[PDB]
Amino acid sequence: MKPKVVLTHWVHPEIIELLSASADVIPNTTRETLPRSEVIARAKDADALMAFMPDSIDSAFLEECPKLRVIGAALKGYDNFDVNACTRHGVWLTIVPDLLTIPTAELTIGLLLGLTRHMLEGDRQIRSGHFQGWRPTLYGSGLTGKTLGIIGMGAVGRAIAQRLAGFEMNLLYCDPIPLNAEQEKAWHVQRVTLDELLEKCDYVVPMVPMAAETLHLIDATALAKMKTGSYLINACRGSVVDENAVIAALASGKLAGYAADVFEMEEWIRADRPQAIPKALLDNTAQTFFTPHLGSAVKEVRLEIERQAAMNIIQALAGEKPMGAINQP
C-alpha cells in the first residue's frame, strides 16, 4: 500500500529510515552510479525518485515511470532535468538551495594552496622514505602580497572573497553586477574588467554561472593575456576552461600550474565532448592538482542535502507543496 521511493545513489542510513515511515525505499547500496537502464527499471513502478548529478530526466525517462509524482533532486541545479516534461507528466521537481556554496569555496582555497605550495609532490617525497630533513626543494609561491582574481561574484565567489580577506592579498573581481561598497570594503576586493583581471593576476579563479558565453571562457586567447608564471584554479565547471589550451600554456611556461575539481569530460550535455581527462594533464604531477568533483564532498553537508531532498519527497507524497519545488504539476 505504501508508495515506493527509488534513490539512484548511496545515502546515509538515517535518510533511508526517515523515508521508511511513509514509503518503501529502494536504495542504491553501493557507491557506484547505476546504468540508466537499471535506474529506469527500478523507477518504473516508483511514486518518487531521489535524483543526483548523473541522472538525466528527459521525456523518455518520465514515459517509462507512469506512477512518478515527485523527483527530489539532491542538487542545486536542474540542467539535467526537462522541467516542463515533469510538469506535463504531473511530476513535482524539487531542488536543494545553497548548501554546496561554502564547501566549494573551501575546496577552491585548498586547491590553490596545494598547487602553489607543491604539497602533493611534498607528500610523495615523504612517502618515499628518503626524508632526512629540509632541502632547497619545492619552493612555491606564497599568497600574501600577491594578486588573485575571481571571475564571477555569485554565492561561491563571495564565499571565497570573505575567506581570502584575511590573507593580505590584493583581491580583484569582475562581474556584470557589482558588489556594494560595504562588501568591497569588508573583503578588500576591487572590481575590474575581465581583461584587467587577466592582465594583473598571479592567481585566476573562474566562478561564473552556466551560459553559452561561458563555454571556454578561459581559452588560448585568455591565457595569452595572463601573466607568465600564473596559476589557474577551476572548481566551477569543466566547460569554463579549454583543457587543451591549458596543456599548451603549461608546456610553454605561461601557466606555472593548473588545479581543478571539475573536467570537460563531465559534460554529458555537450557533443564536442572528450571521454577522458587528457593524459598530458594526468601525467603532469609537478604542475597540477586534481580532485574528482569533491566540491560538496563533506559528510555533514551531503547528509543535509539528502535530508532536504527526502523532506521534499515526503511533503509531495503527503499532498503538500514541497519546500524546494521549482514547478507546479
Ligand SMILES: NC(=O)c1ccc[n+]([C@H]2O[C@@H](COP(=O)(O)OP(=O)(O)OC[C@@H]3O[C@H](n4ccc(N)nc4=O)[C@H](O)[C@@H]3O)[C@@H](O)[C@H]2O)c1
Second form
2 protein chains.
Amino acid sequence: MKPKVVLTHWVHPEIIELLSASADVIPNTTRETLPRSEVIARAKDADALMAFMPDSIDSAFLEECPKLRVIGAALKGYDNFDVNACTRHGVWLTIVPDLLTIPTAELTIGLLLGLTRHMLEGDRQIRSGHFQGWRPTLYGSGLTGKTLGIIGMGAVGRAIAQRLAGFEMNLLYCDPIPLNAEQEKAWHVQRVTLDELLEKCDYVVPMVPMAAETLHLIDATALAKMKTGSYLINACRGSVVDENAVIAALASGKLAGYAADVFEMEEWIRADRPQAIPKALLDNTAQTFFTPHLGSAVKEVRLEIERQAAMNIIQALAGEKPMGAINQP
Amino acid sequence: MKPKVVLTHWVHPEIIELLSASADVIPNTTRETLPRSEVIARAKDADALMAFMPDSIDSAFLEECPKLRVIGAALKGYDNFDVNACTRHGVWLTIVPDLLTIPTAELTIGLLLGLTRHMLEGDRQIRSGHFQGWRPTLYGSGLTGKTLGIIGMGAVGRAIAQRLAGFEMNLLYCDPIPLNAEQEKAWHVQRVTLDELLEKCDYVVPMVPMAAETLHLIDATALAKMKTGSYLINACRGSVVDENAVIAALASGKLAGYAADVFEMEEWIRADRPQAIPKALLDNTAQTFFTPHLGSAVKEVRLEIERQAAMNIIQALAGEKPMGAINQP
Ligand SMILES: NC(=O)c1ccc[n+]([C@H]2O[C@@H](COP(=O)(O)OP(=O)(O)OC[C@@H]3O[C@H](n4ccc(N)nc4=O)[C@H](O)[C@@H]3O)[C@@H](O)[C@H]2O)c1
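Provide the structure of the form deposited with this ligand bound, given the form solved without this ligand shown above.
Zooming out: every chain and molecule, the one shown earlier first.
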C-alpha cells in the first residue's frame, strides 16, 4: 500500500500529480484553512504532511499522528513547529529557503507607491463614473529626492535596496551587521543608527525578524522621533509595529500614512492579541493601504514553494535525507 | 529507430553502454563544456538530454528542441532549469539524490591539512630540485589540542565532525537545532553560539545546510570577531564567504590562511556576482589553497550520479514516470 500524504491547504494540480506517483494524496480542495480538528482527523494515519503557515505542529498534534515520517513545510520560518518534538517523534521537518524574499520586496515597493500616490482612492474615483479629466486632488508624495530608511538590511532589505537604487532617493539603513563597501556603493545606501534613521526619513520600512527585542519596535516612542508627515510601510511581521500607536500617530498627523501586509491579529502565539484588525485602521481608507499577507502571493513562486515541499516529502518517504531538513529524527 | 540522447558533458563509458541498450547516444567526448549553440545543435532532434551543473535550460532552449521528452539532470538541485517551462513544453525534469556529503567532508579536511601544513609550497620546493634534507622551514599549525568550529550542523557538518573526532581537537559547532546527545558524546563536539564559536576557534569551517544558507555569513564583522592567526576553510558555497573581506583579513594578519573549493564567481542566480576569482587571492600562494569545485570529484560518486540520471532518462523514454521527477509534464 502507498503511504498517505495530507496537504493542509490548496496546491497546484501538478503538485498533487507529482506526489501521486509515490503516495496517495489527500488534498484540501478549497482555498480555505481547515479547522485543526479536521487537519488532525485527515493526518491521523498519514505518513507525510505538507504544512503551511496556519498549521501549529506541537506535541499534541504529533501524538495524534503516530505514522508521520515527514512534515514538508511550505514555509521558510518554522516558529509554529516544535522541532524537538518532531525529532523525538521520529518526524523529519523540512523547510523551503530563499523563495519568499523577492516577491515580498516587490510587494513592499507596491505598498509604498500605492500609499504615497493615493492610488486606491484614485481607483475609487474612477469607478464612481464621475471622472471628467484632471482635477487638483489626490496630490501625493514623490520618491525622488526623499529619504527612505530600511530597518534590518537582510534578505528582503537587500532586495528592496537593490530595487530602490534606481529611484534617485536618499537611502538609509540600520542593522547590527553592516553591508560591505561594494554593496553600499552599488545601491547608494548609507548605514546609520535606528535613532538617526527615524529622525531623517520620509519613509520608514521595517524588515527585521520578530524577536523579543523587536516586539513593538515601532511604538509610540519610535513614532515620536519620526518626522511629521512621514509614512510607515510594514510588510515584515504583525507585532513589529504597535498598531494602536500608529492609529494615534495618524490621528495627530505624525504619520501621513500607514501601509501593511501583516497584522498583529495574525500572531496567534502571543496571549495579548486581538482577533480583528483595529476598526480605526480599516475605516481610514484615505491614509492606509492593506494587503492580506500577499508577500509571496505570486503564482510561479507559490508553485516552486509547493514543489520544494513535495520533493522533501518524496525524498524522506524514499528513505533519503530530505534536502530541506532542519532536524534529524 | 531508437530515441536519441544527448549528454552535454563527459560520462563514464559504462554509462554510455547502459544508455545504448535503449537509445542512440550522442556523447561529449571531451572534458570541456560545449557552447550553448552546440548543445542546441545536438539536442534539436533529441528525445532526451542529460544535463549537468554548467547547463541552463530556459524556454528559448526548449523551443529549439521540439522532440525532447526528458531532461535527466545529473544534479541534486535544479536552480539552472526553468521547471515550469519544461512542464509547459511536455518535458520531464529529473534530479538525483544528494550523494555529495562524504566526499565533500573528506575534501574539506584535505583543504584544512594542506593549508595549515604548507603542503603546496612544500611540493613546490621538492620539484625545484633544491631539496637537500630537513630544514627549519615551512613550520605550520597542527590539529591536536586546537579548537575547530563547524558553523551549521547538517549532513556535511556531521560527516566532518565524525571524521575529526579522532584528532584530539576541541570541536565546537553552532546550529539553531542541536545534535543528538549520543552524537555530541560520540564525536566530543560542543554546541556554542556563533559569537562564542568565532571567538574561540583556531579553525572556522562554515558548512550550513541548504535550508540555512545566507549571503556573506563570514563577512568583515565575523572576521573581526575571529582569533588573530585563525584559518578559514570554505567548501560550502561561494556566497557564504565575503571574499574581499577575506583578502583584507589576510592582508592585516587576522587570518593566517584561507582554503576554498567554491567561489563567489559561481553564483549565477545572484545578480551582483563576480566573474573571476579575485587576483589578490590567486596571487597569494603562501596563504591559500584552492580546488576547482572538487568536493564530489570522486569516481564512485560521479559514476553513481551519472547512473541515476541515465536510469531516469531510460524510465521516461519508456513511458514511465521517472523516479527522480520534480514535475508532471
Ligand atoms: N510579508 C511577507 O509575506 C514576508 C515574507 C518574507 C519575510 N517576511 C518577514 O519575515 C522577516 C524575514 O525577513 P528576512 O530579510 O528574510 O530576514 P533576515 O535575512 O534574517 O533579516 C535581516 C536581519 O535584521 C536583523 N536585525 C535584527 C534585530 C535588529 N534590532 N535589527 C536588525 O537589523 C539582522 O541583522 C539581519 O540583517 C522580515 O524581514 C520580514 O521580511 C515577511
